[PDB]
Amino acid sequence: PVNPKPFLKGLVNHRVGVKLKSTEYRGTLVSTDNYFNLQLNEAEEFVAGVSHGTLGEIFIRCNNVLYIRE
Amino acid sequence: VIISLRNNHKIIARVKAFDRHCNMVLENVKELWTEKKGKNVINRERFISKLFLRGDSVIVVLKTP
Amino acid sequence: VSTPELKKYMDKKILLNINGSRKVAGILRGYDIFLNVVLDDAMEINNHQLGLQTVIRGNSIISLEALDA
Amino acid sequence: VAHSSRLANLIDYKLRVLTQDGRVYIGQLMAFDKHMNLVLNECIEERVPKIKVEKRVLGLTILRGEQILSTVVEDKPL
Amino acid sequence: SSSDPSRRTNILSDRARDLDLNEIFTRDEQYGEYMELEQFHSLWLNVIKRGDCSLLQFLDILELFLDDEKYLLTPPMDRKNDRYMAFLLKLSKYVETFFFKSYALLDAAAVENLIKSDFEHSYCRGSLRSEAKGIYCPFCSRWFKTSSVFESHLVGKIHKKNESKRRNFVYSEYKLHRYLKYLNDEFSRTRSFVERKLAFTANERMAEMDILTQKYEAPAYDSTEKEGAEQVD
Amino acid sequence: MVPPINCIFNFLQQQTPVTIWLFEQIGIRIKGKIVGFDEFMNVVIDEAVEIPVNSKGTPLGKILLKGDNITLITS
Amino acid sequence: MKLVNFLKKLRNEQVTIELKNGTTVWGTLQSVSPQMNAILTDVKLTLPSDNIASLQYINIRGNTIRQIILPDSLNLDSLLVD
Amino acid sequence: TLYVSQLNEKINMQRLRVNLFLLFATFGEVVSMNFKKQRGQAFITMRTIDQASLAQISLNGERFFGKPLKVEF
Amino acid sequence: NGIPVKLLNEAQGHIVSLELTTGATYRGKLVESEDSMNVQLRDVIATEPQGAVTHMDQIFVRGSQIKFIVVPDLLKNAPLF
Amino acid sequence: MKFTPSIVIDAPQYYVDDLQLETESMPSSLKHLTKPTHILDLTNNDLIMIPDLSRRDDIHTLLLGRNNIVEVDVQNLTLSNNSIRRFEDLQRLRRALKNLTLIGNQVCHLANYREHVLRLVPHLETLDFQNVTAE
RNA sequence: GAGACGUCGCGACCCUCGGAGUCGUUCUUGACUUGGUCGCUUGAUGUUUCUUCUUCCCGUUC
RNA sequence: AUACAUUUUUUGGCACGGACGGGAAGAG
Ligand SMILES: [Zn+2]
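Chains as they are written, first to last, in the deposited numbering: chain j, 12 to 32, 35 to 83; chain n, 44 to 108; chain k, 2 to 46, 53 to 76; chain h, 6 to 55, 75 to 102; chain u, 146 to 378; chain i, 10 to 64, 73 to 92; chain m, 1 to 48, 76 to 109; chain p, 29 to 58, 61 to 103; chain l, 4 to 84; chain o, 1 to 17, 33 to 38, 41 to 90, 98 to 120, 124 to 162.
Derived from the structure by calculation, the hints contain no laboratory data. Do not take every clue at face value.
What the hints assert, rightly or not - Below, in silico cross-link-like pairs of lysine to any residue (SDA-like), each with a Cα-Cα straight-line distance of 20 Å or less:
(1) n/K80 - m/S76
(2) u/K320 - u/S247
(3) u/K235 - u/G279
(4) m/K44 - m/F6
(5) i/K79 - i/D47
(6) u/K290 - u/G279
(7) n/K73 - m/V15
(8) h/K55 - m/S76
(9) i/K40 - k/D75
(10) u/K360 - u/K215
(11) i/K79 - j/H25
(12) h/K76 - m/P98
(13) m/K2 - n/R49
(14) j/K32 - i/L77
(15) j/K32 - n/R49
(16) j/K20 - j/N76
(17) h/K79 - h/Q25
(18) h/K100 - o/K2
(19) u/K215 - u/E349
(20) u/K342 - m/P98
(21) j/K32 - i/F32
(22) n/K73 - m/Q35
(23) l/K79 - h/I16
(24) i/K40 - k/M44
(25) m/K8 - h/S10
(26) u/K235 - u/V315
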C-alpha cells in the first residue's frame, strides 16, 4: 500500500539522513518535490559516519542522492 | 551563500538568477578548492566578479546566517 | 518510443554485461521500452547464483550477448 | 576558417573533434543532429597514450553526441 | 602607398605588406582609443579578496597614480603586500606597452631613458618633500626630519636591504605613474566609455558592441575613399 | 512476456527477500523487502540491510533507495 | 524564468569558460544554443599548470560547460527582463 | 595513364604505391592490386599527358626494388 | 529525425564496427538498429580495451553505452545523403 | 617568380594519391601554408639550396625533383635529378627521415656513395628505392 | 628493466605462379553479386603486476 | 488581370662548464 512519494510527504518536518554519489548527512526535512530534491534544517555532515560539520539550513540536489533514512 | 559542487569546489557567492535546473548567475564569487601534488597540502581560493554556473555541478547549497 | 526487438532472444539464456565491469547470466522472460530486463535467475561471473528470478534495470546494461544461438 | 553563426551552416568542413575519453576524431561533417551526433566522411581517430600521437583511420563514422566534448575546424572544404 | 593590391585596395606598402594592427591592439582598445582595464579589475578583485570593488571604484583607485603623491601616501593596499606588488607590476607593464604601442612615431628609447634618469636623479633623491614631515622615501615608506638624516639613512642597513629587494617594484610603480600621466586623455576617454556602456540598455549595449567590432574588423582603406579632394586656406 | 513493472508489483504483493545491487558501486549491496512502487525504478524498502560484498553484516534501518542507482532485483 | 534566454541575450562577449574536465577557454561567444551549446570565436584553450593552445572557432557542447565566467561590465537586472 | 609490369611483387602494397608516387612525381603531378591476376603491376595516372610520355621514355627499364620495370601506355 | 540514425539504419546488413564507452570494439553485420542506437550485430568479433580478441555470435548493444560506429564507405554514395 | 604568400594562396591544393600543395629560385615565405600540408611538391623549379623553412610540424613529404639543389641547409625526401656533387654535402641529412632518393645527382657516382649514406644517415630504410640491408 | 596476452612490420632456406563486373529498357538509369608460416641474429605498440649509478659518442638550449 | 531537468544522448558516476634526449659497454 505505501508508495514512495507519500512516504516522503509524510516524513516532512522529521529527521532524515542522505548518502551521495560519498558522504552521509543528517537533518530535519523541510519539504520535497516530484524530482526528489531536498531542503533540510540542522544539517550535519557525516563523513563516513563522522559528523565533520553542522551546516544548518541546506538544499540537496536530487541527482547526487543515494538513499533516505531515519 | 555557499555551494558544494561535484568537482570539490566550495562556491561562496551572491546569487542573481535561478531556474528549474538550479543553474545560477553569480556575483561576488569566491570559490574554494585545493591544487595538490600527492602528499601536498595547499588551500587556494580566487575572487571572480561575475560567473554563470551549471546545475549538474551543484550537490548541496547552504545559507550561513 | 519504439520497442527493443528482443523477441528473438525471448526464452534464451543471455550474458547481460552490466555496469562496472560486471556480468549476469539467465534465461530471458521479459522487457520494456526502457530496456529493463526480466530474466530467470542465474550466476554473477568463480561463480554463485543469487535469486530465483531477477530484474535488471535499463541504464545498467552495457550489453546482452546471447549465450544460445 | 570563416566566421560562422552555427554548426549547420559549416557543413562538409574538415573537423577536429574531442570526446570525453580523450580521443580526437578528425573528418568532414556530413550530417548533424538534434543531439549533436556527427556523421564524418573520412574519419581518423587520433589518441595519445600516457607520449606521442597514436593514429587510426576509421572511414565513414556515426559519432554519438553524448561522448562529444567539442568540435574545431581543421581545414576548408574539398 | 598602395604597394600591395593590383591598383588600389591596400594602403600598406610592399615593404610592410604583412603588417597587421589587430595583432597589436585588442578590440576593446580600438587602436588606442581606449585601454582595456576590465581584466585588471578582475585580477584586482582576486587581490583584495572580496567584491566590494566595482569597475568604476577600481578606476577611481587607478586615478591615484595620476597624482605625484597620492599613489604613495594614500595607497589602495599596503605597498609591502605581495599580491599588491605583483598586480602593480603586471598593470605597469601593460600601461607602458600600451603607451608605446599607441604612439609608434615617438622614440621609445628616448622616453625610457628620460624616465630612468628622472627616477635616479630626483625620485630616489628625496623628490617628495613636505614642509612638515620633511623627505619621504619610496623604498622605506618613511619620512625624515632634514635632508641630513635623509642622506645618512641612504647608507643604513635598512635602506640598503629595502632598495636591494623592492627596487624593481618601486621602479615599476614609478613607470605606471608617469606613463599614466602621459595617457591622461586615454584614461579619461575610457572611464567615460565605461560610464556610457554602463548606462546603456540591452539593445543599446549590443549595437555599441557591434560598432566596436566593425571598427575592429574593417579594412584600413575603403574602396570608397578620396584622393586629391583638397580644400584651400 | 512478463514486464518489469508487473514483476515489481508481484514482488510487492509477496513481501520477499530482495537483494539490490548499486549502479557504479561494486563493494556495497542492499537486502530487504519491497514496500513501494513508482513510475520510475524508485521504490521504498523497509527493513533494509547494507552488505559489503565478498571480493559480513552491517546495521541499517528502513530506506527508500533511489531508482537511478538501482541495478539488480530478485523476489 | 529561463536562464537559456539570458544566455542567448549575452552576445559577442569575450569570456572565459570552465568545463567538467577543468579546461579554461578564453573566447568571444558568437552564439549559444537553447541547450547551452557554446559557439566561440577567437578562442584560447588553457589547462588548470601547462602551456596554452589557441584556435579560431570552437563549438563546445552544453553538457560540458560547468561555469561560463561572464564579462567585467554587465547590467544583470536589465538582462533578466523578458 | 601508364601501365607498369615486371615489378617485384614482394613489396607490400602501400609501400609500392608510395615509392611509385615518389619516383613518378619528378615528371608531373600523379591503381595496384596484389591479386594473382594483378600482382607485379600498376597503373600510374598523371594530370598532364606530356608528363606520362616523358615518364614512359625516361624510366623504361629502370631498376626498381631489384627489377627493370617495363612501362607502356 | 536524426540523419545519423537514418545512416545507421541504412547500414543494416553491412559489416559495421562499433566501440563503446568501455572501449571494447566490435565488428559485425548490423542486424537491427532503432532510433536510440540500440544495435544488434551478427558474427561479431570483440576486442578488449587492453588488446585480446574474442569471437561471438549475436551481440546486442544499447546506444547509451555506444561511443562511435564505423559504417562501410559505400554508404557515402547514397541514398540518405 | 618569387615563392610568395600570394603564390601559395592560389596554388592547387588537394589530397594526393596526404594533404599536398602543388608548387622558383629560393624557398621562402612558407609561413602562409600555415603548417596545413603533409606533402609539398617543389618539382621542376630552380631552387639551389634546401633551406629557408619555417617550423612546419605537419610536413612529412618533400618532392624536389628537377631543381638545382647543390647544398642542404620529415620522413620522405625525393631529390632526383639535382646537383649534389660531394658526399660531404649530404652530411646535413644525418640530423633528420626514412625514405631518401638522391638519383641522378653527380654524387651518385662517387666511390662508396651508398655505404657513405648508410653510415652517415642510418635512419634511412629505403635509399634510392632499394632496401637498406644489414650486410 | 624483466615476465604474459594480444595486434601490424626487416629477411627467407619457404609457400605459391599469374569502386569494379554482368543484365532489363531506352538515348540515359534500376536490380543482383564482391600475404599464411618461421626467425629479429638485440622490428614497432596498448593492457597488466612486481622492483638505479658510472664512462664514451651524437644532437638541442643557456 | 481587375517549450523545459527523474533509465538511451544536453542536468553527466565526476574526481582524488651546466641540463635534456637517444645509442653502446660494465656493475648491483
Ligand atoms: Zn629608505
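Results of checking the hints against the structure:
no. : hint            : verdict
1   : n/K80 - m/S76   : holds (12 Å)
2   : u/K320 - u/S247 : holds (16 Å)
3   : u/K235 - u/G279 : violated (32 Å)
4   : m/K44 - m/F6    : violated (24 Å)
5   : i/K79 - i/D47   : holds (17 Å)
6   : u/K290 - u/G279 : holds (5 Å)
7   : n/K73 - m/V15   : holds (18 Å)
8   : h/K55 - m/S76   : holds (17 Å)
9   : i/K40 - k/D75   : violated (31 Å)
10  : u/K360 - u/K215 : violated (37 Å)
11  : i/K79 - j/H25   : holds (14 Å)
12  : h/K76 - m/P98   : violated (37 Å)
13  : m/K2 - n/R49    : violated (23 Å)
14  : j/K32 - i/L77   : holds (18 Å)
15  : j/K32 - n/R49   : holds (9 Å)
16  : j/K20 - j/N76   : holds (19 Å)
17  : h/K79 - h/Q25   : holds (18 Å)
18  : h/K100 - o/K2   : violated (26 Å)
19  : u/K215 - u/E349 : violated (37 Å)
20  : u/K342 - m/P98  : holds (13 Å)
21  : j/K32 - i/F32   : holds (10 Å)
22  : n/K73 - m/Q35   : violated (27 Å)
23  : l/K79 - h/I16   : holds (15 Å)
24  : i/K40 - k/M44   : holds (17 Å)
25  : m/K8 - h/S10    : holds (13 Å)
26  : u/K235 - u/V315 : holds (13 Å)
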